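Quick heads-up: it's one chain on its own, the form deposited in one PDB entry, in structure tokens.
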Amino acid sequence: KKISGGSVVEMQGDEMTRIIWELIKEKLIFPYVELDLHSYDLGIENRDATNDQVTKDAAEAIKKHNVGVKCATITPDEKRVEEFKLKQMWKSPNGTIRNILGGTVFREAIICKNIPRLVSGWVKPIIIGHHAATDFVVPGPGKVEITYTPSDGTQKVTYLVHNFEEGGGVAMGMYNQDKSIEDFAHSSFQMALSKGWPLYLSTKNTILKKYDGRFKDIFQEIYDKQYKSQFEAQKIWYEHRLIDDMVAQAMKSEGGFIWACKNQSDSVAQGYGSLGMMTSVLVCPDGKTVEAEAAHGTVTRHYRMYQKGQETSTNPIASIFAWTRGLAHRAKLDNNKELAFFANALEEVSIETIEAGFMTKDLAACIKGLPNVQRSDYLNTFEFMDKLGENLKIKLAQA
């Protein structure tokens, strides 16, 4: 008989990840967990048919139920508008969800001992969260100034940005509200306590002494009053770092830390060919609400090959870890030891399978190099899923 998993918000997506998403639910989730499943179809056609209302409804559902797991979605461009005859170029579902939920996105790579790392000393995962303007054209010579006028009008400060003396150019003003900085701190501290890992904040406060110093000051202030004892209880710590020193410290580290960045990771994973092993999680500052997803997109290029009949080796691990992280967080909110056990076991099974030599083409290329990858070096998407299912069944049986 199956585990009671509780309230989970699920969002269905597009193209290749949609296929893998259902495979995950059929093969890996539903045979072992029963869910009070709040399910929303963020497929592109249904977003068009509902005028993006389903996107907003999914976000309020995550807000209500604290656990969202999301499949990758097409963000419409002009060519997508014609492909599906869209009513309009709908806004990114991801931007809509985070706008409604707030919080900070943290990315984490999944490490297998048989898989090379970009920096080989990184033997434990590193978790990175980023904090997330008015620009214009200067037609010609003249002063660009930026002014602050307090609501009392008691004073007024006019800062010189630049006096253009030879021709024109460009200029911009940008800002941050304290509250958004504070939320960034709380999410970062909540992430470190949840993971049991130390936390570092990197800034350029040597250069942006006021702008970035505010990030350092608000992080330290919130830490001292609200998290320092909770950190000491888990024997973790928080420290600010100049970005220069953080880069060097990280490259000489073995991993296992949170890195809050004040200035993204998925582009480096894509260059390295490890996007299928990179998970993503949006952490709201309340410490209660989480939205988990893969860091990659719908993998359109693999989906076209699948549509034309050709065989596909798309990596499902990041999509799988979206479910494990969501369910693990659901278990923590509910004190569900059986669900917590299942979520961890599925992560172990995923890593053990790869470390036993059964992997998708991307992983094999990471070991050998793609110009040396023969077809027997890897499994296709569906073989790999079957293999994970066999190994998951065994792991759960052997207990």
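Positions refer to the first chain, counted from 1. Each form is matched to the other, and the largest set of C-alpha atoms that superpose within 1.5 Å is called the rigid core. Compared with the form deposited in another entry:
Only one candidate in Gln226, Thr158, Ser120, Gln310 has its Cα displaced by 2 Å or more between the two forms after core superposition: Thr158. Superposition on the rigid core between the two forms places the CA atom of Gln88 less than 2 Å from its counterpart. After superposing the rigid core, the Cα of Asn99 is displaced by less than 2 Å between the two forms.
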Second form
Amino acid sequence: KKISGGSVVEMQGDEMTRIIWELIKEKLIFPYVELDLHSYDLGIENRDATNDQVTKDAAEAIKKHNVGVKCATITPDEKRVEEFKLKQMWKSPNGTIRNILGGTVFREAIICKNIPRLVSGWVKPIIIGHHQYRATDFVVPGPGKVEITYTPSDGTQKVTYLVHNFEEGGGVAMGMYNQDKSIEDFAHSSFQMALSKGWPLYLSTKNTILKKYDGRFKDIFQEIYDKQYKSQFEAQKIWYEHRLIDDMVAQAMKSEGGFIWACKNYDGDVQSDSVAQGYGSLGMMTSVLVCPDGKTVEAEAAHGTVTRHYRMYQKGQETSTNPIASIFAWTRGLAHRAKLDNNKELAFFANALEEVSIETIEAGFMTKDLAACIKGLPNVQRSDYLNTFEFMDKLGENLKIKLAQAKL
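And the form deposited in another entry, for comparison with the form deposited in one PDB entry?
For this one, just the chain is written down, with no partner chains and no other molecules.
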């Protein structure tokens, strides 16, 4: 009866998202899909006990099965250690996975006709790809010479570059780098994303300023395009072009959306996440780690565990947490699984669940944050929204009807 799903590496998480995650599987995934699930408990109470081995095991499993779906997890800080009696302030589970699997992170917001966009003209989502987190910075305490050097590993002559001669007083200095392989893995991930979506791709740099550094990004993309993708792109009526960041900002805002934007100097936490957080649309933002093979993906919600809401849930208070970015972690993983397995039944299910989600909201049934995008952050009434469990139920009902009406 159920749809064959195939091999999927699941990762359980923490707090409010963990609550939502189970509701998704129980009400939206499992009644219709039978999966070869390879579940890992990346909850903090199990990550500490297993000495963050569950995190390492989860990562190797995604490499093996090619499809990973991750719940949001608590990234440990000093204050969290007192709450769980933590044996160590462990690494970020996402940092660990990214270091193991590699690849480019692509962000995408979920668009609904009745939910205003920051730029009203955006009817189709904009997808942003990006690799200062690698920088080595320090204080210069007084006069002296700061130099940056390259020492070949083969014993040949080191090359010296003067950064600055501080004649009077001190200041600050830093060194940054990028590996050709990382730039190549980013070009491949971006060209494959544009083909898998049927949208054009743009790369933005400041190669007029950082002529060598950014010039290398522009040349690598172009080299990979012309030799491995130009024909495949031209046979989909789409394209690839390099843009200076200034022209790209303006172009993006005058656009209708529906393009891929490979952004070199990009701070996703700020330019996407913080803007989304301030706009009140974090619950509608998705993230997908796309490895250079074109086979390995790890899909997740761009947001965190939603701690504030989880506390109200513990304190017996009613919550209205948006589950869409969480559902879309599942739908994006299942869509990629279907692509690999040539599974038309699974490809349809992933498509139908995304549509039910968009359609329910468009029909007037939504969580508090979505109601706030319409009415204004402080202007929501209880009658404007459905709570966490109420919304999941409405999605469930609409998913049933939609799947029954599709046979014909």
